[PDB]
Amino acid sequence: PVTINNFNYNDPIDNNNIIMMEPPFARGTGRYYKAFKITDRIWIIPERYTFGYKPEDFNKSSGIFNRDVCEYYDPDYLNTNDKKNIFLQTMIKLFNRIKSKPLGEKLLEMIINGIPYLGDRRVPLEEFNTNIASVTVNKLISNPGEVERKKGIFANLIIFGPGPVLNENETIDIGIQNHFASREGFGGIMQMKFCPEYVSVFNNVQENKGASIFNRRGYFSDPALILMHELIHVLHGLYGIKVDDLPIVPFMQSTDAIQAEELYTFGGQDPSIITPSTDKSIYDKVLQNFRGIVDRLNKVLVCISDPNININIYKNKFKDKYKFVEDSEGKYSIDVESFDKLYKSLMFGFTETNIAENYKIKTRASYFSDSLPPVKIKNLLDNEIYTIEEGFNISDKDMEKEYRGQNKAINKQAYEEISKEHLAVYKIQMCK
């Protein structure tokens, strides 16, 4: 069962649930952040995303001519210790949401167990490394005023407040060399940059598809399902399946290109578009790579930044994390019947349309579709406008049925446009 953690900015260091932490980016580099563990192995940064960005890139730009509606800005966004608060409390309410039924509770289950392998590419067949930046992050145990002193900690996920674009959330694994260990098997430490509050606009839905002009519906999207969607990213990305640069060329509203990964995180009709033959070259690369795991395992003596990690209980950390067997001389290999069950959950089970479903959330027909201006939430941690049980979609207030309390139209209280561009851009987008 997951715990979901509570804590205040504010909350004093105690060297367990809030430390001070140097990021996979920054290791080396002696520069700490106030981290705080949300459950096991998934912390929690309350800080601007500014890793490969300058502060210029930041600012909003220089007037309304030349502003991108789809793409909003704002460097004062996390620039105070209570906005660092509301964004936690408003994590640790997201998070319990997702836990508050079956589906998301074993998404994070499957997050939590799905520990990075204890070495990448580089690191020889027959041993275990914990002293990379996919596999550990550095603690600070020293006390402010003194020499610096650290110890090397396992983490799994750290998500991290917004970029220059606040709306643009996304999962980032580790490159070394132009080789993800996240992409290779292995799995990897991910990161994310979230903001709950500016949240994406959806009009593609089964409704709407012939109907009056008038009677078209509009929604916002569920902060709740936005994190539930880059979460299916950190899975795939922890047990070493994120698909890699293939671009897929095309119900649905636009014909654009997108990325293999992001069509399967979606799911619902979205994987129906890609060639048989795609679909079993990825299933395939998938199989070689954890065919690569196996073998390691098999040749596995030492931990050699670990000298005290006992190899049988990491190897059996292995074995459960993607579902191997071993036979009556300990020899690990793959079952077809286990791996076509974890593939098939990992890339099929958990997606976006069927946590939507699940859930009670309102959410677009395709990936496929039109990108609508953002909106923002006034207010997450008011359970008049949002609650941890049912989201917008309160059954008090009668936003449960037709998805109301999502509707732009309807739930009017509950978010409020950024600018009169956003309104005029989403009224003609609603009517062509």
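Residue numbers count along the first chain shown, from 1. We call the rigid core the largest set of C-alpha positions that still match within 1.5 Å between the two forms. First, how it differs from the form deposited with its partner chain bound.
- With the two forms fitted on their core, the C-alpha shifts between the two forms stay under 2 Å for all of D284, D245, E337, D76 except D245.
- Superposition on the rigid core between the two forms places the CA atom of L301 less than 2 Å from its counterpart.
- Remark: with the core as the superposition reference, the CA shift of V199 between the two forms stays below 2 Å.
- In the core-superposed comparison between the two forms, the C-alpha atom of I258 has shifted by at least 2 angstroms.
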The other form holds:
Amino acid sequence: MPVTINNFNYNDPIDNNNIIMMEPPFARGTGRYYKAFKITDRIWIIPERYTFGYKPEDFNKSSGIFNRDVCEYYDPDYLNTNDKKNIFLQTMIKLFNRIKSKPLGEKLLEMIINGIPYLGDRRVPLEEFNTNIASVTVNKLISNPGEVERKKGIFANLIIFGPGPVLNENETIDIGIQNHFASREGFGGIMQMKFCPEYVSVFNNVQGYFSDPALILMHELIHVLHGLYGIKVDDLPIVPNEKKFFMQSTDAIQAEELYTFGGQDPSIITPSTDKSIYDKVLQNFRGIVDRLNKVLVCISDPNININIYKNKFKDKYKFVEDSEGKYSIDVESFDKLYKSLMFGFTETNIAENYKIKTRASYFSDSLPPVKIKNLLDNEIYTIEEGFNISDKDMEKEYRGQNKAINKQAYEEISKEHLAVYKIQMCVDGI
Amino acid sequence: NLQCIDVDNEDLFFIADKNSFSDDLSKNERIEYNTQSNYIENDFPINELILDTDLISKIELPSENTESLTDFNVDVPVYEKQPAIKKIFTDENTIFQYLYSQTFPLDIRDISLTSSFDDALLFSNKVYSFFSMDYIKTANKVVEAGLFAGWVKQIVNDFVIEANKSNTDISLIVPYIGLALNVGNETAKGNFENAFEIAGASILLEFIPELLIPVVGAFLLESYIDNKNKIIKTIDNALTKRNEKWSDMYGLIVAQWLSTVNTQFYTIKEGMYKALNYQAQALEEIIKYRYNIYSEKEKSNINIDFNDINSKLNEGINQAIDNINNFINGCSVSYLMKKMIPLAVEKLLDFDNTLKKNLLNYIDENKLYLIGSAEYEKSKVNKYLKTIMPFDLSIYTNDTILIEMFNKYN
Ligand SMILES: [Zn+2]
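If the structure you just shared is the form deposited without its partner chain, then what does the corresponding form deposited with its partner chain bound look like?
Full complex below, order starting with the chain above.
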């Protein structure tokens, strides 16, 4: 149905419906419960710092870096108080309203909501549904504070956290169990995001400009979409040559990251690799279709109706049913769906449709990030037009995003809190 | 003491490794009567996606409520920091060292432009300039208070004229890119137009990479006893698959071009942008110093329009960058069409010959079941493999200015 974004404050009481105490997948059941807010069906916002896999001290600017590709900005006091956590929620609500304000973004969202993870894993027998895995189920606490622990399970598609140590490094992480990823095997799994709306990336087309946070969020939501469909597969990556001094160092770049950006970048992935991915994705779907024809019981939950979820997955992966009830893959349906998911929803295609300026390539030079003064101020940023507000004379030629023209929309960032990976080039003499 | 220049990792050259590109073209292919071609267009029309009913959710979303999670088995990733500094040692004087020679510390007030690169590295009050020595000496001349406005107007005017130097043999060429960066091979040394007229775009490249061009693997056609139709279809399918391999090879070359050559030329474009700025920054600090020499009486007499100067300098660079973009883009496509595609065509023509021999021999082995039509199919194979699939860059890049460069070629 039509996507409805919810309204709420951080101060609002827990009602165990739209506002809950959630035990996220990486908490490992260690009793670390977070206050969670359902923004749309199957999408949750936790307005707190992402601390999973990081050390408390890592949130401080040190003589080191996490990733060599990012101008890394640290700020430990971001989202440290209730008033600040509330700003986060309302900003996320405003960005979500910007997304659904055009049909394309609305489709992206409804894809995400309805693209529920398969109730299983590679370890689950074909004849079975199993909810009792961390990539499918997440616990909510329904007990009064300081009482006998009583928990209940909910299905979730996406959980959005605030940023980790580096504010401008927005990532979408998937869930691995015993060195295997359901969101890479056709099953799909609960997706998580570390996101920050205030501190955006900067670029400059040589042939600068600050980035619209709704696009940055949509970029990440595409990753989420791939993860929920179990098509974020690993294939031969682009690896940089590091044998010479003048060569840039970076991590392996997966095709999935280049498809997601879109534009000219998919051409860096060879037709051979294109076909390898396609085949793997098809071979995963063939497994799923086989499972649905064989699934009889659900051991972990007796209240799961088998026919309901058989019909839903059929509608998720667009399987075809004959008169007897057997499911199969219609090659044309799969091809259309594959190409829509991989080459339809892209940062470039979306930017064109949303009249937002973006960087030209993934391999473009990145510049120091900027803090957006106020996203809740409709003279700066709106739901319908973002920064490029026409009644402020900012629509033409992306004037609203231009750093020279719209100087009041942004503040520059102190060099003391920026961590850039530098190469020290010495003469080798003296 | 160590003499170390600092450079951001992002300002280095990205060059994709040889292991980044699939070798799958080298594999054998089975050709059967019902074998069909596989193309994956890296594109999907956005206007269809909105209207496509086959992507709207047709079943209601189930309730979220379920049984509690008890199996907390999960892999939690661990993040540790790595040092933000990496020390390296080289005797080379590439883009980075040539760009550093165009900078100055904050402490230094009295600076002068020079044409000697080594003197610009050594003394922290000399700054390297890549414009004509006629410009350089004009930027170092001290004048009277009344002649100061005649100096500024002229020197900023001279900056524009020096930045738009372009002569000459396809498209336009900027002769001071070599002096500005010394990128690739001894670019500052000797004449740039001469060195280019000999080797072309290749001398600008910091690293010439080994191209991956696999030998396309043999086709293995299956036999069908006494079935003329399946034999003919197999020959057809083999011929259509041949086109698939040409297309694939072209994709492989492009993927290597973009991630290996075109990235270098992007850096060189960014390098020139920095150089032109550093030159305008050096000119600004020179004017600043000469202005401060005067007394309050001399300064008040002549009101300099600084609003016009910054406008003139920004526009001066803007015109120059357009010329540099034009030349460098043409170079990047030049290298594709002259040093990359023809090498692949060569190997694809080899594939054609191997396939021709394959097919004729296959026709030879089935001459009995083909009745008296074996010669007919022989010439069909002969005629078809005489026509090749031409390369078109528009398949790999949408709505671009690089296609205009490509359409210029024969
Ligand atoms: Zn991404």
